[PDB]
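Novice: Here is what each chain is made of, one letter per residue.
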Amino acid sequence: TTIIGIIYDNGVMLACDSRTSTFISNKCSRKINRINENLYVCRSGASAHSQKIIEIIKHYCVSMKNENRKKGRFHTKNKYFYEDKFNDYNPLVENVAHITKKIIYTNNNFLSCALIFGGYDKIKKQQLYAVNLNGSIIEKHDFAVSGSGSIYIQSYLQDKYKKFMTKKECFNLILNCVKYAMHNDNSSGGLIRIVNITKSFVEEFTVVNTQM
Amino acid sequence: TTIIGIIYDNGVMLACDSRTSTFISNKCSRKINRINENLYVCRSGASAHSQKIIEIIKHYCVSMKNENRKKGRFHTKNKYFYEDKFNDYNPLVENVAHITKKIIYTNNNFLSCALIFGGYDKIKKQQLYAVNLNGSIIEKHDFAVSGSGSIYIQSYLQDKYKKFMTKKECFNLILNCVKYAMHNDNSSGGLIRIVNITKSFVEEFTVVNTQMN
Amino acid sequence: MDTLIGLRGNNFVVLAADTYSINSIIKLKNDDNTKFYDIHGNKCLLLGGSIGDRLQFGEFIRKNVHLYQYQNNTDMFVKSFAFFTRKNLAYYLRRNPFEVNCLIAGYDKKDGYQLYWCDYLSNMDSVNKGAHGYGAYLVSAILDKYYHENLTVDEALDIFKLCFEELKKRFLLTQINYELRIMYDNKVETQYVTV
Amino acid sequence: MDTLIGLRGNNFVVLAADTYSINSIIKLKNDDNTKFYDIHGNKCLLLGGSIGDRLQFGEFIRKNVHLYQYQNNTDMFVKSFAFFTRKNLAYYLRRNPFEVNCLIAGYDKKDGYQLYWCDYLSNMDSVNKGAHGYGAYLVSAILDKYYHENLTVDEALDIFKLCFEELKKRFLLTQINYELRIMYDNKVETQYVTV
Amino acid sequence: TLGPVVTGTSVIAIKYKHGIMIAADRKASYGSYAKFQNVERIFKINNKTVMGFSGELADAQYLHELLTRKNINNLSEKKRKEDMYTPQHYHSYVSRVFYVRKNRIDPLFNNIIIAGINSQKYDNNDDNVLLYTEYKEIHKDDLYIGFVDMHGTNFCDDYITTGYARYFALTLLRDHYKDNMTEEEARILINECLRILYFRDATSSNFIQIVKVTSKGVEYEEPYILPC
Amino acid sequence: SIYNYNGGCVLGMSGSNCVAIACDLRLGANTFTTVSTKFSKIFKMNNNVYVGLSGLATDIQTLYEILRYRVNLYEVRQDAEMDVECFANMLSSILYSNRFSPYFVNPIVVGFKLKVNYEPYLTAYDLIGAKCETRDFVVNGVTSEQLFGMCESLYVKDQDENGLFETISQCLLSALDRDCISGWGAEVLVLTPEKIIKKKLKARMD
Amino acid sequence: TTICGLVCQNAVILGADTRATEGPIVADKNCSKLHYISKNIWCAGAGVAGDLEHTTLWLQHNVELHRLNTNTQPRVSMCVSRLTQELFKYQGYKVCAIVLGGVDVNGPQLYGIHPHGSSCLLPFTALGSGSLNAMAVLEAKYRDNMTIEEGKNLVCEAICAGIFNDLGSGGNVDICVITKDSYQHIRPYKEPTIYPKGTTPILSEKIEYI
Amino acid sequence: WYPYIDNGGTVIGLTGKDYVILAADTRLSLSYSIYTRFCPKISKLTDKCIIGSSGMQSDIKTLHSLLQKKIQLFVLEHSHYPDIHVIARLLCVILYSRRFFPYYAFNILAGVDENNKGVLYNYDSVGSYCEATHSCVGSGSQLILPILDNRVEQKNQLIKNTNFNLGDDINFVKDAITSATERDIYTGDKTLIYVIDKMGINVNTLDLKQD
Amino acid sequence: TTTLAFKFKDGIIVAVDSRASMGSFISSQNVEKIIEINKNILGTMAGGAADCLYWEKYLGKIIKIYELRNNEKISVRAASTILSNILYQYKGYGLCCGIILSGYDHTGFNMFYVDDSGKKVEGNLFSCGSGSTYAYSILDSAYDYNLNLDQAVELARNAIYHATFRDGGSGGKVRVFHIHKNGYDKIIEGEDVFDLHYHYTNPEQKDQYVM
Ligand SMILES: CCONC(=O)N1CCC[C@H](C(=O)N[C@@H](C)c2nc(-c3ccc(C#N)cc3)cs2)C1
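Protein chains in written order, with the authors' numbering: chain H, 1 to 21, 24 to 77, 112 to 248; chain V, 1 to 21, 24 to 77, 112 to 249; chain K, 1 to 195; chain Y, 1 to 195; chain b, 2 to 134, 150 to 244; chain J, 3 to 117, 128 to 218; chain I, 1 to 192, 203 to 220; chain a, 30 to 240; chain Z, 1 to 211.
So here's chain H without its partners, still in its complex pose:
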């Protein structure tokens, strides 16, 4: 697996491959799961465990979003905008990431999964949180990478990164990173899925190319 998150000047871009398992059991798996309209998460490790925490965090995020509502009135590419224009009631990425940390930490004895949460928020702007195997959260203000393939792109991403990257060059960097990881790693392959999260609109990209 090669899951990667990279902050740029106006949002955060997450990226993943599609190859599940010597036998390639599946080759169209959607690793980047939509927790909320402003918050996504990349998964690595055991698929069953990852799906379990993903459904639980969807449930918790729906409960939080219902809680956050205040009384009374105020004030192949895909793309859409947020129903919550001003982020009046969307849960924070911080809160979702830490409840995920607590969920994974309470069951260390058998859970084996690493997550990369990424989104946008009115308080902290764009976010990136890496939750490790034992359930330890670290905020990665520049970029986070995880999976078996991520080992082959640490120096590449570290060398190519800049502080305030444009959308085009950040897209090229993350695409080339996932392509290199797929080229070097047998366990990662298939089509590349990228999710760009900004202040107003989320957009989804699919790419069906690989290295030389």
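Straight-line C-alpha distance at most 20 Å; calculated SDA-like pairs for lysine to any residue:
{"hint": "1", "chain 1": "V", "residue 1": "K196", "chain 2": "H", "residue 2": "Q247"}
{"hint": "2", "chain 1": "H", "residue 1": "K54", "chain 2": "H", "residue 2": "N35"}
{"hint": "3", "chain 1": "J", "residue 1": "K212", "chain 2": "Z", "residue 2": "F194"}
Counterexamples of contact, computed for chain H against chain I with all Cβ distances above 10 Å:
{"hint": "4", "residue": "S65"}
{"hint": "5", "residue": "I139"}
{"hint": "6", "residue": "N144"}
{"hint": "7", "residue": "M201"}
{"hint": "8", "residue": "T242"}
Hints in this document: simulated from the structure, not taken from any laboratory. Positions of the beta carbon are idealized from the N, C-alpha and C atoms, including for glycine.
Got chain H sorted already, so can you dock chains V, K, Y, b, J, I, a and Z with the ligand onto it with the hints?
Specialist: Same frame as chain H, but now just chains V, K, Y, b, J, I, a and Z with the ligand:
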């Protein structure tokens, strides 16, 4: 650990770090060993296995060089020139690499070392070979990397490589590769040792540098 | 190491067992009373294996059967007693196994003189002849040879004597002291045998 | 399971052993002859443990000692016999150990009536009284209590009889048949004792 | 070898009208890591015999050196072309080597294919054997494709797949293979099998090497990338 | 294994308006000692349902008692006979309820499905409770392979009661002669809608 | 076993073989592996037979209860969620690799649920011992858009390949076509002596008339 | 590394007064996967003897080749072909030679002896053997052997019919291997039937269920 | 298995079953367990069949070579010693043999028990195999030295029948040989225990026998 060998125009550059072992037992270790004046070798894996096969191969190379001689008359860096100007009797790199492969394969039940042989000779010009854990040889016409720290620089080296690199840019590439591997890997550290092998002269560079970004 | 033998006929049912209380590499007693458990209403439950499991299981079955017979004011049938014992021993099989090998015996107006063989796994069946222990190996075939349906009490006692002599002669644990338990003519009797 | 007993003195050295040939959960024999390995020249090597190791080691030692005594035309000393046996048993300890427990006994004009205790690990020392097997747990203190330096042959035989009665009464292998050796008055004698 | 480290993936081999066609991808994997992707996995034993492997690379190299030494040993003791060894002889040698290694509980961690032409009537190639520097229709009974197993189990068929292909390509072959197939039909069938293997096998790659054992000897076609 | 301790096997076949169930008569002990030669392994649930239990004898007895309890409860509550398929599914559910602490039994259910058309009904399970509704014959026990071979060798569709009896009896006896831990007599039990015939075969008692 | 699923134009086609072996020995030669969950949802199973059968029965009855309560068409995602939540609770000790298929308001939907409780929406799936042969034939011959008949032929070919190339798979071929309006099930889709009287001795005999 | 595998298949053998039949399937399979659909198990030793066997294929092939080599050396040295009994004792000794790392091969040695009497010899891995009228080895053997015991000896039948001849015995063996492929997953594909009379060997073939 | 030898007034009786089983599956009910070592010495097989057959034939070879070298027949004691030493040489290799060598020599009628562990026990009433305890129970309960030949023959047959009856692993056919001064006789070459059961314990044959 990080051991790298990169071929460039009229030459081959090998490079290594110095760290040995959670507790750093040693921090100035010569992993690049001089088998012959035209042939060097980078070590990885257990140090005892590496040292013993490398000194055995030095003994075998001395025997080969003695038998290769013909009868009668014919015709902080450091730099050396070859005593054999025309390569009349220096053994070929492939011969030494293949007898090393046989040595490691015959005793692969317990030997757990991986080697990168790098050299020059008049037949095949500059040469790189990689002897793997079980004792399998592959000739890497572009570059070879091994060690626990090499996994962090596969894409970096693959992206930065060109066919006919100049000496300066090849030196910068291999130096930055070993630096990045040391930065990412706990098992590798210390000063960088580089060995540049050419048709006529060998150079041995020592570099002290860290990573800032 | 605990040898048990039992024999059922048309007008008798007899039991026999070695009177050896064993502990490690020594014999605690040559008059062990931990094996037989006589129960009111002409019933007997004969156990082998560990002394502790013998005492606990035998007293549990004895007091439960007596509780039944005093609550309901009647003597329990021997078949009911045997299957009650098997159900109780099977209930502890998967949680706290009693390592006890049971020979149930009794007299009933419903079904004559009954005998039931049962093992530590609670695998029970009615039999005309049964035995338990490593001595069973050496006595059971003798019970095949000399058994016929119309035996008398003396002939059965002679068969048991031959079994005891076989256990003395051939068995590794040369057992020589045995206690019997006869049931015939609406009676229960005890005999001790030295051969 | 194989009991051996030996008792020294100034006018005698006596040995005794159960006559049980055993396999699995049965006695092959009550008159086993596989234990005593009397040598020419007032010497005996009483063994315990496996029957096969007993036969192999005892015959090896006996034929080697006879080879010595015919090559050199003299009687071997009992101390020499005991230490030769110990060295030979020790040589196989790490390679292919004989599981044999040794009581050497004999008479010399040099050293008088001698007895040596030794085990499967080849740890040897001379003794005034020795025993082997689990029966050694039960027939050791009886030898300690009733032994005195000036015993006669009948008193020693009485002590051995008390040891045999102890083995019958308390040891779970109720051993009743025993064979003896009596080295006294410059003559070797054999006896058999029941119960 | 105590077990595999740098492992080679499957090989496919079929008979066709003019001879043998054997295909292997040029990838050798170091665990779950494509460390090498230009590895020659099919070896030329002699002018009418080639070998392929799937398993540990060091063991395959050792076996290749053994068979090479056997080939020069044969060539030294040669007077006529009929003295040359057919693929049957090399297959029997590899089977005996694997059986003897299996008796000691010390195998070569490999599955081997030996293939080629089992007769000399179709050409005079081995009249003057050179080592350092239209086709004819060959009958199926004069061709040879062998299999040898790690336990020494061995056999022959009109089409052999070794390794992960045994479940994927073999099925397709068992539907699509037919006697007297042209070069184009064999090529497209092998390409389809390798495409399926590439899409549904992690350790395989799309960089293929095809070798033809034909009346004009062994021919290593230039390697190519499978389209799509 | 646990099944080798007691041994034994059960068999069932169908015919034209008849259906047979057969079993051996032995309680084993430690895989080689025969302690009883009447340990019947076939039990009657109702007039149109029979069960043949093979495996561990204690688990056989407990499963028979539990099934008798449930069947009698169903019959007194509903005041009618049980359909054979209902008892089959009840047995499957009871077996699966002990999924991780199984009863080591491999039962078969043999009965007549009523409608009145008396169709045969044969089912076989394992300890987990995986059914296999089979139309010709059902086999369970340690002698399963020999019984399967004999049954496919000698089965003929649509036999009367007599030929069904000789076929199933020959199958059982030949299968039991090739098993060490199963034999010592054999019960055969042929059901028809009007009557029922149970016989003890003259077998090899060794 | 070869269980197989694929998705056609407004439909899902499942197929399976009819073999059940207790080790080397074939027990049932015409077993049934396609299970009814709902009128618009079907499945096929591989792994432990008892866990498959009882999990499928539990899922079918839970789906029917939910259908009675909500009074709407059952959903494929509901069955997937219930199955995955049940399978993870036992932590892979419920060995059930199940290919689910159905049609609902969100169109056709085929899922492959694995025994540890992970699912994947797919265009086609194969599972069982003979899964690789069926996967090979499917990847060879499957296309982006096809009809009911083409998908039926493809599923039959894949199951036949699994039958011929695998020893744990054999017998006939069954398929089920699940459409929004109704389902349609074919069990046999493909389908690729007398002893004398008194010969057997007896010890006793007795007849009692019921 | 465990050095033993089972390649499956079955080998049935039957005798009459003056003939022997030996059927064997030609399937070869590792574990729920078919190596090939034609791998014969029966081999010819002399003009009046054959050996069939089931187990690991490499052991079977090496054993059969070694036995053929030894019999040919016997013929070259002692100047006469060996009877089935001589080859039987020779096979016993060869199998016992590897007693502490046994061949994983169960064999049936079929032939017709000096007296024109059909003889079989069934074997185990370590060389125990005996004469028999009928025998079977391989994966299916526990299926076929009760059938042969019922048909041939007829222990449990009160009225018997011991009227056997070559054609009915061939049909019986064909039915036996048919049931074997029916209920054994490792038995299938073509089967080869060898018939030895006093004249010599004759081989027939029969297709079975490809599954 | 059940083998049972015993001296009596007019020589020795040896008695064996013929069953042979691979675990639960019955392999053959026609195995020859009483092996003729030489003209006077007999042996009997228990445990591993291959080891017993091979080493008893090897002992026969050694005895023949010795008797040809020295020109006088060997004793039971010497054959027992040679077999015991040969079997003890393979200690730690996993052999499984239980043998009862009985015979006549110039010392008289002799009987010894040997096994793979290296025993050489000497007695007058021996029994080996799975059903050895049952045969011991029958033999010791009725053995008498002054029995006639027929009385001791029926005693041996009854003991073997009871051993086969109780023991799952013993059965098939009973074979009873008698050794005398001038050689030996096969008094019962083979006899099904089916008839023994329905003759001894269940003669009425009106109901199933209950134990
Ligand atoms: C991988 C091999 O496949 N599995 C196989 O082949 N099996 C296992 C299942 C039972 C079969 C069986 O028992 N077959 C009968 C005909 C045989 N009997 C003997 C035999 C040998 C010596 C004596 C003596 N003395 C007695 C019998 C050898 S084979 C043999």
